[PDB]
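Visitor: The lines below spell out each chain.
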Amino acid sequence: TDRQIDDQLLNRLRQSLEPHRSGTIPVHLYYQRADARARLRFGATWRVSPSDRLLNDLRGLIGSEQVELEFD
Amino acid sequence: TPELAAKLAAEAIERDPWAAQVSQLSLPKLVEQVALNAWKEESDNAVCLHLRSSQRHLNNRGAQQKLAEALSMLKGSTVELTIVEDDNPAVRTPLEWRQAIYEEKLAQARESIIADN
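As they're listed, the protein sequences go chains A and E.
PDB author numbering numbers the first residue of the first sequence as 1089 and each following residue consecutively.
PDB author numbering numbers the first residue of the second sequence as 506 and each following residue consecutively.
Bound conformation, chain A alone:
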């Protein structure tokens, strides 16, 4: 959703990814703006492990599984 705190950017979001790392998966981010859709690539460091879907779906947030950018 549009309304995300900030700390979510550097805290919960980051922490979900941080302990489950494996298999160089790029992180792509869709920030739904009122104005437009821009893509900000996290690529901070961590590549997420795949177990994260189940953990993420655990609370209030649905994700979508798109074609990975790298392959194309």
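Treat the hints as calculated values from the structure; they're not laboratory data.
There's no promise every hint is true.
[Claimed, not checked] A short, non-exhaustive set of chain A residues, derived as facing chain E with CB atoms under 7 Å:
(1) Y1119
(2) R1121
(3) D1123
(4) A1126
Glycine is no exception: its CB is placed at the ideal position from the N, C-alpha and C atoms.
Dock chain E against the given chain A, drawing on the hints supplied.
Guide: For chain E alone, kept in the frame of chain A given last:
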């Protein structure tokens, strides 16, 4: 998901008298693209659609005839409508106006995203 493209076309219409007129005639799509890629000079009893010669191959009689009936409906009298080829950029068509409007907004959004922190 262009939403923005048709909304953006509404601003183009809100500024260009020809774009507005075409939407009031309620052209289809091919013939609309001809009216859209051409700039509106207006004379005492004439409307001559100067389409960018840069896209000359898009102009086809199948479009022109439908455009002619529509321009005739607008004018209320028979307009000798032809598509003629002078590519000079001195004024902007209803299609050209729109494009500048699509991009700056996206750039501003990108800036806000970069600035989230």
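Visitor: Hint by hint, say whether it matches the structure.
Guide: Now for the hints, and whether the structure bears them out:
| no. | hint | in the structure |
| --- | --- | --- |
| 1 | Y1119 | holds (5 Å) |
| 2 | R1121 | holds (5 Å) |
| 3 | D1123 | holds (4 Å) |
| 4 | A1126 | holds (4 Å) |
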